[PDB]
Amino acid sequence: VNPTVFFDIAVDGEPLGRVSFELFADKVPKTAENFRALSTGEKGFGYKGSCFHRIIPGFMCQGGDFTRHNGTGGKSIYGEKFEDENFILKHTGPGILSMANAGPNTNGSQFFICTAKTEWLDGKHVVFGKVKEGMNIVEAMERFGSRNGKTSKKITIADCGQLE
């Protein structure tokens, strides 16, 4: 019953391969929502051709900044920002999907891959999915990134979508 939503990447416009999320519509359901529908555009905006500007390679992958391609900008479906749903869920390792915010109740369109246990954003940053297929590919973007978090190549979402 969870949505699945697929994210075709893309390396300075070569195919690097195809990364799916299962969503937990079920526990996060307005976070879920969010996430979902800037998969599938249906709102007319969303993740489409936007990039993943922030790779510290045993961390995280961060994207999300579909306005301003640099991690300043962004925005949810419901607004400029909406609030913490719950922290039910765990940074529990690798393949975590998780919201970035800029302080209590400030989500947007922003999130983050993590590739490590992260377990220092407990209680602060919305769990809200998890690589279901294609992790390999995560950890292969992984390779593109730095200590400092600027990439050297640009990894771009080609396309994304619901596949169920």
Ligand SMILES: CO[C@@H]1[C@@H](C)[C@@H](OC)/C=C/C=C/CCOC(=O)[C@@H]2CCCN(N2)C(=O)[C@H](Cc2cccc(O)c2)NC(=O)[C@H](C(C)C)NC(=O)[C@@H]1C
Contents of the next structure:
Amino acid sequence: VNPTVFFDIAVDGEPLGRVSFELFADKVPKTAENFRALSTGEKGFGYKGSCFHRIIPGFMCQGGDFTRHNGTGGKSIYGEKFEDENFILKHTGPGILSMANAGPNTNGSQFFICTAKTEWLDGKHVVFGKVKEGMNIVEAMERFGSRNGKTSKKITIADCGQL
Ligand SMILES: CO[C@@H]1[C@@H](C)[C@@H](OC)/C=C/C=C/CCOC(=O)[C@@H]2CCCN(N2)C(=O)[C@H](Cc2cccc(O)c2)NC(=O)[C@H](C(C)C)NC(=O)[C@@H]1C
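Mind giving me the form solved in complex with the ligand, seeing as the form solved without the ligand was just shown?
To see the whole picture, the full complex is given below, headed by that same chain.
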């Protein structure tokens, strides 16, 4: 009953693979719903076509800016920002899916995928899902990042939706 969404990742237009996520709707229903709906395009805007603007090998992959495409933008389905729903779930390891923000209660659409345990982010970012399949694709994505996060190739979500 927890929903599943997929990203089809491309590298400079070339298909790399699919990453799928379980969204923890049972534990963070509002945050899960935001990410779910942005993945299908059913609100008239969303993740499709946007890039991962910041990738830091060993740390995380961040994307979700489909409004400005420069890492400063994005929006939720609820208006511009919504609340940190809760901090029940932790950044326990690679594959953890978590909301980026700009301070308390500023969730929009930007998100990140952990490539390691990042317990120092616990209580600071709302965890709301986990890579289900395709962790090997996220690892492949890492190779195009850098210690400062800038990417050496355009890493995009060529398609996305609900499974
Ligand atoms: C360009 O972004 C601006 C600045 C954050 C940016 O300046 C170059 C600073 C980057 C610092 C990078 C060090 C690596 O850490 C990250 O990348 C983190 C990891 C968790 C998710 N995340 N980004 C975030 O949630 C970060 C803030 C952050 C940074 C470090 C740790 C942390 O817990 C949160 N927000 C953002 O990326 C938001 C957008 C969601 C609008 N951006 C803003 O508020 C600003 C406009």
